[PDB]
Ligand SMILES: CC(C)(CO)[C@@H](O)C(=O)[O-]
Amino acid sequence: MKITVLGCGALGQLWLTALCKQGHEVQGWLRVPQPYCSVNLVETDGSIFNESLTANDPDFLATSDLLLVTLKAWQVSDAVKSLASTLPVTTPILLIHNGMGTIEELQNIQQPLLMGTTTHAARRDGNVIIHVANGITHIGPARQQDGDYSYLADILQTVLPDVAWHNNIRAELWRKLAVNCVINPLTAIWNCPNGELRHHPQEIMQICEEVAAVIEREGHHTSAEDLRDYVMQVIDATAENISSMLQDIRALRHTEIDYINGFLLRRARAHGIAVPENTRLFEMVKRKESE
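Structure block, one chain, the form solved without this ligand:
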């Protein structure tokens, strides 16, 4: 098939490479138009893959069979709306990113919309992309009207193992966003490795109690304590790492906070749930971004 990949960064080059090695017709799409996307990715065994692909061709977009989006969350909805009048109104759009809240920004999209997240790990070092680890990409329908597109998880399985379809993909999205609402902003505000958080159990519970209150009202079964125990287990296992949010902070790149604790605040707001710790952290990180 013909696929346009939106974003030629780490995750976008990992998909372009995999689609490209299965023989699919592919193009990338850049925010700053260029006729080609130069892919240079290192495979998990250290092998290189390096090709020059077509980019930003409107005719190739108008005949594409899948729009695969791999931008950061705060970029997604504007970039998708820009291309949706050109992509066929029958062609499915798959969003892969961390965080939640892009579907609410895309509710009038006519095309089939699918939402997803991955545990594959891909790092960008300058113009080099490193496929750090293999993993699973979970996808599913964004709205009630997108439920008949489970065939994409079978095609994608053949391209970048493993892929799983979930009829209620929001359950898996919240599991990851719950943990990120604790780890990302705390590390960001205390500019510490994940392991520091181990020294702050009482406070982590308070955030988890707020997170747990919003999720329960959203229709999912979780407990504040269960959530707390899991976060601490993640913190122990990733003790020396620098989070994705702290990484953004240290490089002064915009953060995905509007789609992590910002989404919890928005949903908390819609259900009327008290979230003072999450609001403080959200506002703090926003002040750091501005400087």
The other form holds:
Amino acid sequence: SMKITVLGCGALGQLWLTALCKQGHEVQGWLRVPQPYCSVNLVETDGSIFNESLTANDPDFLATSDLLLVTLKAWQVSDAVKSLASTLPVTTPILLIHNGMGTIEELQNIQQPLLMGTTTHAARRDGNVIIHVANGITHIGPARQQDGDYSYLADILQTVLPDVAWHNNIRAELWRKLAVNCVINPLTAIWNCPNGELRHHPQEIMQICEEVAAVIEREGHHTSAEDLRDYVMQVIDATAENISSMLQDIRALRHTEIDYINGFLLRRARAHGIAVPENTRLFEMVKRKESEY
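Same protein, different condition: the form solved without this ligand was shown, now please give the form deposited with this ligand bound.
Below: the lone chain, stripped of partners and molecules.
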């Protein structure tokens, strides 16, 4: 029924391409370097394997797509989206799913309906396959004031890769994800540790949460440092044995998403005159680790 272009055919993109294929939707990948085909290779939670070769980089397929689904790293997002937006119909919604925040600020002139999403699914590259590590929920809603009700997408996507929840205002959700990510990613990348080690660092966590709560406050959302801290510990307790995405990036010598996590927090703090010494130091530490490669 649906025709979807997936931009960013990595771990997340392949997860969605597989799911969308199993429900009989028409899909293609959009790759950085144009190629004969997009190969999709996915090991599901049980152990089953999906192997397909799909259309890639077809501009006509793009011009007649019902949705652009974007599953790029946050620093890759807005240049890639801008370059596809003049071919995609002015009416086709663009759904951004990434960690961090700050991309919407880079996409103010997009004429398409723009949607933002967070997900707790986990998918990992293991050599040449993607492994679906965990199931989860994807929260989606409008990116901007002008973007309307595309809740119909949530219904459709619930039948593809549950669970999916639509929110008329997604901001609170982005901030709560940003808060946990400001804690776990830089600290794990710095200490080279599994998430669960952070349970030994309650003072540092709480210091970061106080800074985040102060900014979220000024951005017009009711929270407290204690509430954010409680949520960080839930996430830590749930993921105790995991290697965070930022630590995985570090270990693998890839560029990190720091500019859209703590980096974005710093941008919002500075815009309001909120001193965030601890987030600043974590940001500098991650940037430094990256300069060693």
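Residue numbers count along the first chain shown, from 1. Definition used throughout: the rigid core is the maximal C-alpha set that superposes within 1.5 Å between two forms.
In the motion between these two forms, where one rigid part swings relative to another, the hinge among 70, 114, 214, 177 is 177. A two-part rigid-body description fits the chain between these two forms; in it the smaller part is rotated by 12 degrees against the larger. Aligning the rigid core between these two forms leaves the CA of residue 233 offset by 4.9 Å. Superposed on the core, the two forms differ at residue 206, whose C-alpha moves 2.3 Å between these two forms.
Aligning the rigid core leaves the CA of residue 29 displaced by 0.4 Å between these two forms.
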